[PDB]
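Each chain, written out:
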Amino acid sequence: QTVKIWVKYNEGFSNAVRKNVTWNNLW
Amino acid sequence: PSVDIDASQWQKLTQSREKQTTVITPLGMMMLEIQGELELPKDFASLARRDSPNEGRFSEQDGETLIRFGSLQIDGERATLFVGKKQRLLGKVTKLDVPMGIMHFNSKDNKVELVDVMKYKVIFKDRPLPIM
Amino acid sequence: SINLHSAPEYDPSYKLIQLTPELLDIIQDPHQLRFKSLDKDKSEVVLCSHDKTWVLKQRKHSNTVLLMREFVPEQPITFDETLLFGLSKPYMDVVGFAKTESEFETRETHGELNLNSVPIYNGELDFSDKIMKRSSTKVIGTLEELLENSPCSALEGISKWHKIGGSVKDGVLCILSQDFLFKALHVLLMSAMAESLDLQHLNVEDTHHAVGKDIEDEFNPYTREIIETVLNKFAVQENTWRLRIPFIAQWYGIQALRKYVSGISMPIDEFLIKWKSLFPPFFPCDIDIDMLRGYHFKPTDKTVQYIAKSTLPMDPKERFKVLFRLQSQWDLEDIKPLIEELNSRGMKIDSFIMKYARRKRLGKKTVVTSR
Numbered sequence: 714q715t716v717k718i719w720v721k722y723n724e725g726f727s728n729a730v731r732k733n734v735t736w737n738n739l740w
Numbered sequence: 002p003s004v005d006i007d008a009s010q011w012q013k014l015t016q017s018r019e020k021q022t023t024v025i026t027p028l029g030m031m032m033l034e035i036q037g038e039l040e041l042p043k044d045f046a047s048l049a050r051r052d053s054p055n056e057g058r059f060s061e062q063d064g065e066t067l068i069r070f071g072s073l074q075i076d077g078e079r080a081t082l083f084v085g086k087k088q089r090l091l092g093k094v095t096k097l098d099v100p101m102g103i104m105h106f107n108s109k110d111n112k113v114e115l116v117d118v119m120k121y122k123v124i125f126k127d128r129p130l131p132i133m
Numbered sequence: 002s003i004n005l006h007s008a009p010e011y012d013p014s015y016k017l018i019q020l021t022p023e024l025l026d027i028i029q030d031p035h036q037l038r039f040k041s042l043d044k045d046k047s048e049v050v051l052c053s054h055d056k057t058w059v060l061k062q063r064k065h066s067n068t069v070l071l072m073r074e075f076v077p078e079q080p081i082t083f084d085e086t087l088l089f090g091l092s093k094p095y096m097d098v099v100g101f102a103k104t105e106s107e108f109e110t111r112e113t114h115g116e117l118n119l120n121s122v123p124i125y126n127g128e129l130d131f132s133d134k135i136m137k138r139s140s141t142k143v144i145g146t147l148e149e150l151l152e153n154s155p156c157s158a159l160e161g162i163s164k165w166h167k168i169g170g171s172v173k174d175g176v177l178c179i180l181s182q183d184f185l186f187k188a189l190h191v192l193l194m195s196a197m198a199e200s201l202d203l204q205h206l207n208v209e210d211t212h213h214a215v216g217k218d219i220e221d222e223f224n225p226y227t228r229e230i231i232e233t234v235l236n237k238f239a240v241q242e248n249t250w251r252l253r254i255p256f257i258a259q260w261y262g263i264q265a266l267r268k269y270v271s272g273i274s275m276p277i278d279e280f281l282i283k284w285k286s287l288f289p290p291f292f293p294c295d296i297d298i299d300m301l302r303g304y305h306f307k308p309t310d311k312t313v314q315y316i317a318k319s320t321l322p323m324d325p326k327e328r329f330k331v332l333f334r335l336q337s338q339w340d341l342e343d344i345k346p347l348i349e350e351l352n353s354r355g356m357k358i359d360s361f362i363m364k365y366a367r368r369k370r371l372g373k374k375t376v377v378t379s380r
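Residue numbers (the entry's author numbering), protein chains in the order written: chain C, 714 to 740; chain B, 2 to 133; chain A, 2 to 31, 35 to 242, 248 to 380.
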């Protein structure tokens, strides 16, 4: 009934394609 | 537009301080990486109300309610992460290929500060084990 | 052990940037790094030192990354620990203040100039016309304004400005046309000898005076700004300028090749004469066919003919085919500039050539020929 805390494991790892950056993506 | 990166604050604290090993950065920061999602409750306020001092899961710091979600034990280079009551994850202290700047982007002023520089991380890639 | 805490809200104003060795060193120097962009919603963001430019890219990933900081608890953090094993007593507390799902990657890039409202000057006076029949209405008056609106560093920008022959007229930045640039060089050179100026140590004032002292001003386009441009193109300064004589000789030679040996070949020593004649008289330089490597080939060993690299086939086996067809035996460094572009897998350049060509020794010297 009290707090439940855990890691839901990912079976592996995905790195997406790199993307351009706008001035607004920083602020 | 344009703006400079202010690294003034960081450079003085890097002189008023001393040590990296790893441990933590001298400025008191660290980078934690996990292959998975960390599932915390959606509503801290509700669960904090209900919080035993035996569980010790919630505390107030500087106007914020913080959940205590785990413990980290370093022995190498080797590292162990306890999450919640029922999970153990085995990991590694890794030196970064490319150091990472933590920069703070203050949108009000469109100004940017160097907060710290991360050279090590502690990472957990493997399935969580049952406790002990 | 370390107690791990998390806030209910992360702050996304905290972001991770790659600090490559050079960027890292600058960040520890002891405001030398700058972010720049043409606009707020569209264009690339670049990161500049005084001297270099990086482009930013962002790459999302699938893991959890928490940035955590040491904090001092207001009250001691007490709880029942229920197991022993492999967990020492807490000695500090950290809190996750940011959670990042991507990195901003920083990659070396070639700085460039933003040349948009900037006209070509050819240039008759009454430049007012070309100023008012332009793209924008807004004027870029200063090089600083130009640089501020450019994806490049201060020094990269200044250097490109000098190399493309940037100038200013009537308070309006402009770029000199190839013809007028070349003509301006010719007149500056003529005048400098006529007044016995030190070509190793020229300055704007004396050189300007030398050019226009016997010309009526309203018919003189060679303003101080034009003279400075020509010096920054064809000379090196340091505060005086030093003429780049080989560069200048090559510049004339390339024109000569185009004029005299475009569709046709000519004996080398007879070509040299014609090349020499384009110079203004008494211009101190000893000219040599090897200054024109990359711009000619030798149908026979005692003839010369012009070539534009841009006409060559793009596939390197085809390129080597066409060159050996034009000339059977090549001195090694005659042929290197005509094929370097195709060396994409950055091989050592003489290995790249032996892939498509054969070395052959005649007398003392070493030539190259087809395999």
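For the record, the hints were derived by calculation from the structure and aren't laboratory data.
There could be a bad hint or two in this list.
Chain A regions said to be covered by chain C (calculated; three or more residues, Cβ under 8 Å) [claimed, not checked]:
hint, segment
1, 43-54
2, 58-64
The calculated DSS-like cross-link candidates involving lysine-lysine, where the alpha carbons are at most 27 Å apart (straight line), are [as the list claims (entries may be wrong)]:
hint, chain 1, residue 1, chain 2, residue 2
3, A, 61, B, 126
4, A, 374, A, 364
5, C, 721, A, 103
6, B, 93, A, 103
7, A, 318, B, 109
8, C, 721, B, 87
9, A, 374, B, 20
10, C, 721, A, 44
11, A, 318, B, 96
12, A, 364, A, 167
13, B, 20, A, 103
14, A, 137, A, 167
15, A, 93, B, 126
16, C, 717, B, 126
17, B, 43, A, 330
18, A, 61, A, 93
19, A, 283, C, 732
20, A, 134, A, 44
21, A, 64, B, 122
22, B, 120, A, 167
23, B, 87, A, 103
24, A, 142, B, 120
If you want a taste of the chain C side facing chain B, the calculated C-beta under 10 Å gives, among others [claimed, not checked]:
hint, residue
25, 715
26, 716
27, 719
28, 720
29, 721
30, 722
31, 726
32, 728
33, 729
34, 730
35, 732
36, 733
37, 736
38, 739
Think of the CB as a built atom: it goes at the ideal place given N, C-alpha and C, for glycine as much as any other residue.
Here is how each hint holds up against the structure:
no., hint, verdict
1, 43-54, "holds (count 7)"
2, 58-64, "holds (count 5)"
3, 61/A - 126/B, "holds, 25 Å"
4, 374/A - 364/A, "holds, 21 Å"
5, 721/C - 103/A, "holds, 16 Å"
6, 93/B - 103/A, "holds, 19 Å"
7, 318/A - 109/B, "violated, 53 Å"
8, 721/C - 87/B, "holds, 12 Å"
9, 374/A - 20/B, "violated, 62 Å"
10, 721/C - 44/A, "violated, 38 Å"
11, 318/A - 96/B, "violated, 48 Å"
12, 364/A - 167/A, "violated, 35 Å"
13, 20/B - 103/A, "holds, 25 Å"
14, 137/A - 167/A, "holds, 26 Å"
15, 93/A - 126/B, "holds, 25 Å"
16, 717/C - 126/B, "holds, 22 Å"
17, 43/B - 330/A, "violated, 70 Å"
18, 61/A - 93/A, "violated, 42 Å"
19, 283/A - 732/C, "violated, 55 Å"
20, 134/A - 44/A, "violated, 31 Å"
21, 64/A - 122/B, "holds, 18 Å"
22, 120/B - 167/A, "violated, 40 Å"
23, 87/B - 103/A, "holds, 23 Å"
24, 142/A - 120/B, "violated, 47 Å"
25, 715, "holds, 6 Å"
26, 716, "holds, 5 Å"
27, 719, "holds, 5 Å"
28, 720, "holds, 5 Å"
29, 721, "holds, 5 Å"
30, 722, "holds, 4 Å"
31, 726, "holds, 6 Å"
32, 728, "violated, 12 Å"
33, 729, "violated, 16 Å"
34, 730, "violated, 19 Å"
35, 732, "violated, 17 Å"
36, 733, "violated, 17 Å"
37, 736, "holds, 6 Å"
38, 739, "holds, 5 Å"
Hints 7, 9, 10, 11, 12, 17, 18, 19, 20, 22, 24, 32, 33, 34, 35 and 36 from the list above are not met by this structure, while the remaining hints are.
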